[PDB]
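A.B. asks: Each chain, written out:
2 protein chains.
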Amino acid sequence: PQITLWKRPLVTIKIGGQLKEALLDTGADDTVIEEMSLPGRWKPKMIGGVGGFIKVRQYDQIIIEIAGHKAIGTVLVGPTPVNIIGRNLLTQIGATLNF
Amino acid sequence: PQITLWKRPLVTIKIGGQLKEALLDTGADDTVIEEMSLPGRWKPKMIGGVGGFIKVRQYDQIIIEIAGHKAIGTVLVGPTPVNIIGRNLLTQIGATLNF
Ligand SMILES: CCCC[C@@H](CN[C@@H](CCCC)C(=O)N[C@@H](CCC(N)=O)C(=O)N[C@@H](CCCNC(N)=[NH2+])C(N)=O)NC(=O)[C@@H](NC(=O)[C@@H](NC(C)=O)[C@@H](C)O)[C@@H](C)CC
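Line by line, the protein sequences are chains A and B. For the first sequence, counting from 1, position 6 maps to 6 in the authors' numbering; every step adds exactly one. For the second sequence, counting from 1, position 66 maps to 66 in the authors' numbering; every step adds exactly one.
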């Protein structure tokens, strides 16, 4: 799809058997999801942006379906105000910025 | 151009006659730049990100070039970790996300 930017670029995702809404964020290195369960081992991480840092749990090799397109990668889980799809998964679905 | 996301989508901007680096950020409503001097009066604004909220100065109708494309619009100045070009100006330069 071609997504214009008049509004926030929100899409439906499926992760860990759950549907969620998430923001496509070219300004995010990583993908960050609100508290949920995921399989496998994790390690803590601190991630920062506007307003400072939050502590998250890093899970690897997680499959997400993003607007119908499957991707695998690292997902961070923690108290983010918005679910964010970052570059690590945007690349996998072939997303580009065009102007 | 077509900008892939394997690296951060950093571009050169020009504001106040000066060249700066900024991040093209589809997950940002607004454009936020590190402390600098801009002309005119400002109004107060609170913005939020992954770590919480910060106060910024809002300047309107500022002339800015983004990757060689001319825009005129609102620029927020404050303690952002990085210069970000948000949707308010991405729409002026005709940017879309595509996959
Ligand atoms: C400044 C740092 C770079 C840009 C920023 C853009 N992220 C979005 C996420 C939105 C969810 C919180 C953002 O902050 N957007 C703000 C930007 C400010 C602005 N005004 O445009 C926004 O639109 N804020 C809206 C509110 C969004 C609320 N939405 C909602 N409640 N549904 C606003 N009007 O204040 N990226 C990040 O915050 C990411 N940071 C990074 O990628 C890097 N960190 C740093 C410091 O560069 C990396 C080294 O960790 C996070 C997510 C970790 C991977």
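Check before you lean on any hint, since a few could be wrong.
Which copy? The list can't say, so a pair holds if one copy fits it or any two copies do.
Below, simulated SDA-like cross-link-like pairs (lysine to any residue); rule was C-alpha separation at most 20 Å, straight line [claimed, not checked]:
(1) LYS55 - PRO1
(2) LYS7 - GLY73
(3) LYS55 - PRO81
(4) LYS14 - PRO1
(5) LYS7 - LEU97
Hints listed in this document are in silico derivations from the structure and should not be mistaken for laboratory results.
A.B. asks: Each hint: holds or not?
C.D. replies: Cross-check of the supplied hints:
| no. | hint | verdict |
| --- | --- | --- |
| 1 | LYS55 - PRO1 | neither (33 Å within a copy, 35 Å between copies) |
| 2 | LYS7 - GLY73 | between (27 Å within a copy, 16 Å between copies) |
| 3 | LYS55 - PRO81 | both (13 Å within a copy, 17 Å between copies) |
| 4 | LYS14 - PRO1 | within (18 Å within a copy, 31 Å between copies) |
| 5 | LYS7 - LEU97 | both (15 Å within a copy, 12 Å between copies) |
The structure does not agree with numbered hint 1 stated previously, though it agrees with all others.
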